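A lone chain, given as structure tokens: the form deposited in one PDB entry.
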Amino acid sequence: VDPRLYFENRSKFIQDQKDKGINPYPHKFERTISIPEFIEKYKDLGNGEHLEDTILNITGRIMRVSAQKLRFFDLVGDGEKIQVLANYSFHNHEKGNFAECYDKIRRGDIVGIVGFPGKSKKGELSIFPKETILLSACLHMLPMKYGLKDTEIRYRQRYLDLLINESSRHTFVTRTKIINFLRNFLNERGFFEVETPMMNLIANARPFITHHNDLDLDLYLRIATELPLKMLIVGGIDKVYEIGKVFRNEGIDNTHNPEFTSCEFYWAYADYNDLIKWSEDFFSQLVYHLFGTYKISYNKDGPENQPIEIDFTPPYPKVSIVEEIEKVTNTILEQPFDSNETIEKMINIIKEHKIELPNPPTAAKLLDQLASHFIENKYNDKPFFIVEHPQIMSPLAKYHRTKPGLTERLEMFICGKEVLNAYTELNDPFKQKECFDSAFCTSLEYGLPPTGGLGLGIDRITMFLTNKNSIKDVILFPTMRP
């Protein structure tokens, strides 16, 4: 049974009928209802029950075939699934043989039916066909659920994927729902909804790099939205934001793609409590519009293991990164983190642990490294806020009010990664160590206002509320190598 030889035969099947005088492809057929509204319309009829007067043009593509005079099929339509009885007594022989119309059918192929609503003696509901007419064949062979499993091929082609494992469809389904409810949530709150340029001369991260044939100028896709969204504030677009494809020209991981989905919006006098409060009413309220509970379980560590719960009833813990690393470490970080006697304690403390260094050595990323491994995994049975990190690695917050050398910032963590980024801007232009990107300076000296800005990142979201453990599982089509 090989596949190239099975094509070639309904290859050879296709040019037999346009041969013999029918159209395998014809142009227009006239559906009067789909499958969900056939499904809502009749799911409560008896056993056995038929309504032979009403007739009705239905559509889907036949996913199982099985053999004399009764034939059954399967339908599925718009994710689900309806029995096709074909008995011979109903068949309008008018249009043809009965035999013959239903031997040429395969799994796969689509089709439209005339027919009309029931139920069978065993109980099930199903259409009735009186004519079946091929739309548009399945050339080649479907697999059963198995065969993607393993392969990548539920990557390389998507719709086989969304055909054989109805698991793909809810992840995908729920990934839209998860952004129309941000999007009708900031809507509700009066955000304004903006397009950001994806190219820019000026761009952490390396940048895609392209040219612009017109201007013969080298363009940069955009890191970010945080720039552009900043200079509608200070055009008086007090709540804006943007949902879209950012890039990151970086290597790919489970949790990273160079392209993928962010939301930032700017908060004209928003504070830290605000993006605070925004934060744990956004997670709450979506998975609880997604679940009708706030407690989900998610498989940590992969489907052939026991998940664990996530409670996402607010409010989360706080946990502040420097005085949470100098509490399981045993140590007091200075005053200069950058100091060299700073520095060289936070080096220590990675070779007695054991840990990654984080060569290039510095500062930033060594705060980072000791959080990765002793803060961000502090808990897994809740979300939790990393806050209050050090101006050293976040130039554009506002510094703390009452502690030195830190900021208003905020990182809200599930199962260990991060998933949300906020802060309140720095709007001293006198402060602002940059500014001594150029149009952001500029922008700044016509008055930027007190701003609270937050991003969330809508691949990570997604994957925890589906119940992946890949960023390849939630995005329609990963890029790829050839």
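Numbering follows the first chain given and starts at 1. Basically, rigid core = biggest C-alpha set you can superpose within 1.5 Å across the two forms. First, how it differs from the form deposited in another entry.
- Summarising the superposition on the core between these two forms, the listed residues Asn184, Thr176, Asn97, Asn340 contain exactly one with a Cα shift of 2 Å or larger, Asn340.
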Contents of the next structure:
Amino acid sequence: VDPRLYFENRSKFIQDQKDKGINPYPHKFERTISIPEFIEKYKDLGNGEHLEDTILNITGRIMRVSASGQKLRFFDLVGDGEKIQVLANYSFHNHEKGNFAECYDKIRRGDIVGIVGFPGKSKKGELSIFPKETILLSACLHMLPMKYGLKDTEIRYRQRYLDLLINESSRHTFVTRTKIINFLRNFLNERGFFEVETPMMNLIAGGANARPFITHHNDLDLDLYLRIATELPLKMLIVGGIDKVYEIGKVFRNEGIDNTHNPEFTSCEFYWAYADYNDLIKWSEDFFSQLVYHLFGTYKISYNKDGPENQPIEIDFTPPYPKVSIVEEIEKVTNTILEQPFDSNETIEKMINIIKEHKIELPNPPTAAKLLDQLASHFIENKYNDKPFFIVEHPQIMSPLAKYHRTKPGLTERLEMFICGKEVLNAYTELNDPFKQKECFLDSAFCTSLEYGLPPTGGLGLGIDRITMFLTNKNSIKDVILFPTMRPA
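Having seen the form deposited in one PDB entry, can you show the form deposited in another entry?
The next block holds one chain only.
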């Protein structure tokens, strides 16, 4: 019952073994079949059918120990997410290698073993390996949580291996996460896009609005910023003639941690020459509907927005998705005209007064771009929760790198897609006129590259961790990152 006592006893057991000549951590084991291959090959045997002439070397982790007398031992063996039974019968044991009871009394839950034996099914129909010999390969010195015991704690996020061993759902979640990225990489590659890597470290951190991380470069004797986005170097590659380009990799933002914000997270940003806003809308609807159907065989999924203790909701990913113009909707909802320029003193005061009258938290500093973001969050960002939708046509002052709207003054051809009130996608027609970049006349290198001619371009960015959360029914981003950022305890 005392985990400390269990550990010291197991430590003494390990030393007891090796001063008896037996190496409890042997060098190699010539495994011949894996547990998933074993299940695939022998799922068809009848109950009680033994294949005694087929000798297999199989490895796994013991997860359950029981017996029926000293001459019959039963175990669960797991590997690669799959499970078989171990049925050790005294009469099938290779007695030359050692005493049968001595061999199997040592096995504890969590032990990694290598088994030489034959496949079969028991009379109870459970597929089993029937050992002639089992060898300890790596002992589990600790009492593994007793199943359904890691259910909720910080041990899952720190000792993630325990989480993957005990909780069957977690492995499926991270398998789904890799299937998302594989689908996204295949989706883009099928359409001619070219994957690249751009520096994790730059003298500026552009391409988004976020506080960066600062680190020191010893060789260059210079302070660099961890990238907050891949946007600027990617658009420079468009200038270089890589007309379809993208990058899936980590970005860093040094701000508040919560259930949808992790200091480092995975983004996909692609840039698509000679495409525009309308292509990006079509791309987003094509990708999400195809991705959801790929994983589920349907466009409708369940998501526990208000936790697992409340009824879920249905998110329907059947395209098209609704589009809402941010300034128009805010003006309609608040019955107030936001007069241009949006960053005028009057309009800033008018936006604050709306925020004051509705008791919406005033952002710091109350800049026009942030005030508009707060009004959008409070008034439109939770309009649709049964389906995803786009907030579109953001003002130029919120979109410094987006092309000016081709018919609506003061706006851009920008789109953000939201699922259950969370942004997962940001895209727009790319501003390619160097003289219209207010920051030009901010990277000197990027602004200069614009002067060599950036073709009309559409670009898009994705939040992969947030996408994985909805597609795996998780309310916290820590549950889709293998080792989330954590305080030291």
